[PDB]
Amino acid sequence: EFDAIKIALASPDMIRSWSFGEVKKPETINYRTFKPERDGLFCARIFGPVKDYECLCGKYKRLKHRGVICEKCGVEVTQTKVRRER
Amino acid sequence: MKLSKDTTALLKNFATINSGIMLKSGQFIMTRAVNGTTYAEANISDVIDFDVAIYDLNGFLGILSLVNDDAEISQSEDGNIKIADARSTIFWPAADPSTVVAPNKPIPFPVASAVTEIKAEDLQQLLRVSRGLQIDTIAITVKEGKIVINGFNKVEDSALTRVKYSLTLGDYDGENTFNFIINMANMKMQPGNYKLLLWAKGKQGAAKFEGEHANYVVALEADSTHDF
Amino acid sequence: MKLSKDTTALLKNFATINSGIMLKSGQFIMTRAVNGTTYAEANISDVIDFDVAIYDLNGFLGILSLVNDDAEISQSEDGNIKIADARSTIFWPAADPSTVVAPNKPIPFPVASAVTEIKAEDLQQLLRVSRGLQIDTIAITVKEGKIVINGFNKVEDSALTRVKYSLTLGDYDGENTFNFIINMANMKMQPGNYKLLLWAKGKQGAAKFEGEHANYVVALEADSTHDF
Amino acid sequence: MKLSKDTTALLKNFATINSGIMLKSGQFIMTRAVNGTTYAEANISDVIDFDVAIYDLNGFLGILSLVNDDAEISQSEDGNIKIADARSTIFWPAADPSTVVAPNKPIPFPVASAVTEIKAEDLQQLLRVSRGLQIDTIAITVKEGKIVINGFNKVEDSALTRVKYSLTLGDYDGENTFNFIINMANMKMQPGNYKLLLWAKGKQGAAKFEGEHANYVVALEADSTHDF
Amino acid sequence: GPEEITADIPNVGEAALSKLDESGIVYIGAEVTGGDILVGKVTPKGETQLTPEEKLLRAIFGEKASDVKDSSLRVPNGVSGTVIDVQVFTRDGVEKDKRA
Amino acid sequence: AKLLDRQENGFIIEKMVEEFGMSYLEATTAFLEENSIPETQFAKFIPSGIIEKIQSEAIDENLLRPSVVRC
Amino acid sequence: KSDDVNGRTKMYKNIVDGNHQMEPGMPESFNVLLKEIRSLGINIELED
Ligand SMILES: [Zn+2]
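Residue numbers (PDB author numbering), protein chains in the order written: chain A, 16 to 101; chain B, 1 to 228; chain C, 1 to 228; chain D, 1 to 228; chain E, 846 to 945; chain F, 32 to 102; chain G, 1294 to 1341.
Just so you know, these hints were derived from the structure itself, not from any lab.
25 Å max Cα-Cα, derived BS3-like pairs, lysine-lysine:
1) B:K201 / B:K188
2) F:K33 / A:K74
3) B:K119 / C:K82
4) C:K154 / D:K82
5) B:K143 / C:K82
Hey, can you work out the whole structure from these sequences and the hints?
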């Protein structure tokens, strides 16, 4: 596939260029819903779907409604695989 | 003990006020609103003989309409209710007299501070055209020297100053004024000429409706005004 | 005016075209559908003795249907309607004329190209069958020399090609072919025989039903075509 | 073909156990619930002229109840049912039978253990009281040698101690007793008089109610007891 | 909600169920092997763990259907053998069953 | 656009199993999600028929306990 | 046989359906290390 690996440093610019958001809330879980917090260390709002293709809107079921972000959840709609790496 | 067809009609009228009763021996039945404000009494052609509580008296009357009339009705060995045909033997579960509240007594209605009577088509008319105009309460009051029945939309007018329907049974010669207010839902009574008694004492007050098959004593509302 | 039960039934049927109505001076009623596609008119025997715009006519009919027949229907003091029999009264607030949608004038339909008739039993049968196989449209054409109504469901029979039912409106001896299309939603014609007068030109099209009492008018659907 | 009002009636009550059906050329129809527990069957003095299944018997017979009975029931050209009305030619889709559970043979009822009979009033009366008492279970037993029914609501009564209904069905000329248990959700026959055969051995059984038009084979509930 | 030691378990072949007792405790002497069940213990469902494939049936049968689910004590795969004794422990003042 | 024909959907939903061949349950749930169908507003979309075979195959697959068998 | 999830699924299929053939892919836990060093600012990359 691909040729040589390169190493370098990263201006904080490029750090921004990576992240799909920014985390501020120090906590994670509701301990009742056991769901991620609103803006926390696990929150979907940046990382993404805990299930695949649907979030706490319950709004998007099939490939017809995949992709486009929610407004209640705010999170994009996709498979949970990408959460592993963002 | 048989429940006649007129018995079944009055049982219908009473099961409206309550879907159950505590049947008590006599030629009489009676039941109370769950609030006890509007009450039904009727000395009936049938004589009650065993006191028995019934929870779904409307459904009980259904069951009655499911079996032939002259089936012998008794209180069964286990205490329940036996309907007995030449063939059909049915045990309706006899209720507990505390699951269904019964009225303390037939209301010893006081003396009427005012008297009129509502015709059959009169009550039919008021209570049925209330659906076209959405009448939710009634004002029986001295108007042009008459005992007028003004159908007021207490939702749209809690003051009862916007008439969309009134009924004027007859003129009532009087100086002592009043504007009795009674819920259109207090009118538990079947159609027909109902002699209207308007008792008025302080804030306690009542409209006794004396029909053709039962007396219903209706406690006036806290907004019913009366002035002697 | 004291509208008869026939007249009030006609009012209830015209309500199927519009709740909002402008009952005008005369013995005549004049209405149009809210989408501007259906039109209704009918000469009655009583005289509307005061112009009035009503928003909910069927409840007006219920108001008419329960009171003593000697009820007097006139104009109330407040520029609205009153319906008061010999002992009671009913107020009806008249909707504003600047808030009701209706034809400026009668639609006479002064021209037709395809004349046919349709009677009572086939009327009820089409009304029921189009409910029965989810037929949502009728198409009037000539198939083997007959003015025939073909019923179809548009979402699954897009070109209206599935004749699951063929109803013949009458014979046809004529060279003018057509697709006079009427979508079922405009079907408001009551029980009664109807002379169907079909006129069309270019893209515009209208089918008229002249009944035992009234005329209905429908704008023929946009794909309606005519070959003269 | 054409199907008499009794024929369409047999189909109407066949739709009660299973919605549609699989019909073959001939003069007999049969149907069974996909549970296998109930099976209604009746010959028809009308004749079927091909092999088809109907997915919706209800809408089918309804669209047929609007045509005068002379309408011919043939196959359509496009693979569905073509009912050539006296005046129309309606088409309703033909269900591919594999999608409806067609019985491969008419059920023979082998030698019954016990014999008695039900009647119109008895059967229909029980049908109705099973509602007003919500009775789910009917337990056919012998009392003093008399074949009778005892009604239970199994939900409120596991081993069925609350006889909620009792009727005299007939005599049993013997001592060999039983409690043949059946759910009320299987008594779908129209009201009428019926002969009553009971095959019962070991664990299995079959209740055969034979009517003035048809026969109903219903699987007893396994909880039943019997000895012969 | 708490859990039960019933012999009442969903989506399992009654063939297995037979081997238990009326309580849900298999008898002494039953030669057993892995991939089987020795006690039946069932839990209420919960919400975030509801798949459409049962949303169907709970719609139809009325939600009195999918309220519980299995936690049964199995037989640890790779083992076989015979039961020798069963101890049953309960809170006192709480009901004590047959085996107890 | 609009697909309110229940028995036509029966013709379409037997296509699922008879074509795909997993089970009526999974086939129709696939239908429900493909066209994004909830479970309380289904009586307007689903034939009255498939429901009964669903119940049948369900109780035969033992989806629920003996508590549901007797009834 | 260890990590190529897509790869191992494809294998499992091809073998259980009579086709011994391998799709190489690229390890997964390696990517884990890749992001793990992306954690610290040491920007790592995989040139063309
Ligand atoms: Zn959301």
